[PDB]
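In structure tokens, the next block holds one chain alone, the form deposited in one PDB entry.
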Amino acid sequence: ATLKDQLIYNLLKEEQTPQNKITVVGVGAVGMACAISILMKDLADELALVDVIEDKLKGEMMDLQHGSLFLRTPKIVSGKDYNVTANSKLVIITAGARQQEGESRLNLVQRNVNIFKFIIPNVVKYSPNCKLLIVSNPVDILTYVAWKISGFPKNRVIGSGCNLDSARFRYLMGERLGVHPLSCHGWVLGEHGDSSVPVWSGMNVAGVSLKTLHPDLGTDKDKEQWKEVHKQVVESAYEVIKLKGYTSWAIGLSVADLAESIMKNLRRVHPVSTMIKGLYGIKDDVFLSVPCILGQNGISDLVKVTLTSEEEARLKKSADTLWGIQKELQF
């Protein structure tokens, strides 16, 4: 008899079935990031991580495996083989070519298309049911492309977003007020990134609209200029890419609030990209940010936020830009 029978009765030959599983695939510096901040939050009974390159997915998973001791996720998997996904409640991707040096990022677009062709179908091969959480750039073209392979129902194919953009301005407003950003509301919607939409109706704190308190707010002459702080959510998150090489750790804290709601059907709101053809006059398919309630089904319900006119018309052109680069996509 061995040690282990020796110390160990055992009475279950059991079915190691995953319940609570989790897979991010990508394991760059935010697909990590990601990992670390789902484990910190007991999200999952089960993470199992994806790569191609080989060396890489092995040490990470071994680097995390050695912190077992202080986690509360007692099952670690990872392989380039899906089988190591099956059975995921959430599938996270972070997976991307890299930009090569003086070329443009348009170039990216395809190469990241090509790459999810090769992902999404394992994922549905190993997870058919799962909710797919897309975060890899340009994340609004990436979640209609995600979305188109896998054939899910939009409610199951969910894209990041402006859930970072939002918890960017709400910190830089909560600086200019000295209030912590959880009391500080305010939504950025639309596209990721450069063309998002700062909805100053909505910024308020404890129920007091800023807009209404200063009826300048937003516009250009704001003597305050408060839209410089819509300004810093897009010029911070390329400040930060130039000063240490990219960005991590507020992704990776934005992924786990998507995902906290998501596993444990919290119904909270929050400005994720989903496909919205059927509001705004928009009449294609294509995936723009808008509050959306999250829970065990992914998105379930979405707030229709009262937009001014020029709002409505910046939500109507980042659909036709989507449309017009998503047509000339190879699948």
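Take the two forms, superpose them, and find the largest set of C-alpha atoms that agree within 1.5 Å; that set is the rigid core. Residue numbers count along the first chain shown, from 1. First, how it differs from the form deposited in another entry.
Looking at CA displacements between these two forms with the core superposed, a shift of 2 Å or more is confined, among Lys242, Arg105, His180, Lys223, to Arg105.
I would like to compare: after the form deposited in one PDB entry, may I see the structure of the form deposited in another entry?
Shown below: the chain alone.
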């Protein structure tokens, strides 16, 4: 008999449907950072990777598998064919178009739409019950696009949104105050990147509102120029890109944190991009970041942050601009 049969007496065969499966789509730097972060937090019992680039895909799989001894995720698989993603609880999309010399925000989004029209139906075919976490940029528009193509109810389509923006805000807040980011509390909401909104009113340490100690916080009337902290959040991605080519590590950690809440049904509150029609005067099918309760069903609830009229008008303006673009798309 074979060595294996001499060593091992089998009791039964027949596998079970995978219980805690995560899929990552796109094995570029962002996707791989999400993968390694997920593996190191033991969030999945199986991890599938999918991309069109067959060699890199396989290479990344192999390199992760070679580290199996040091992990507690016993099945890692990959393939260009989406059958490898079947029965995933959570599917993380990082795939997208790359920008060139110019050219047009509309053009850029349209090329992602085209890429999504292939990816999204493939994902829903094999994991009809999954939650979709959209990480690709521009994330708020692309969460809309994934929602539209999947036909998934809004609770199961989530955009990473201002999750990383807020964690960046808390880091920079921590640097200034000499306090770990965990104990610095602060929310950046609305549209990811340029037009995000720093909610100065919720900024606190140990429940002490920075705005109470310092009423002019964040305005042009404060000597400490905390507005600069929000600018840095907006600008920090551009600087990292300029310096190393791209962002990856912070997005990976940020995403694993969302995955943790989802996979473990924690019901923690995260700033993620969600369909906000009917909130803040918004009447269009648009996704923006507000604080959401994350769990086994995706977004079960959201928190209604009291915004000033200025803050509401910023979110409304963002919604208008996003809808302006989405209205012109074809799928």
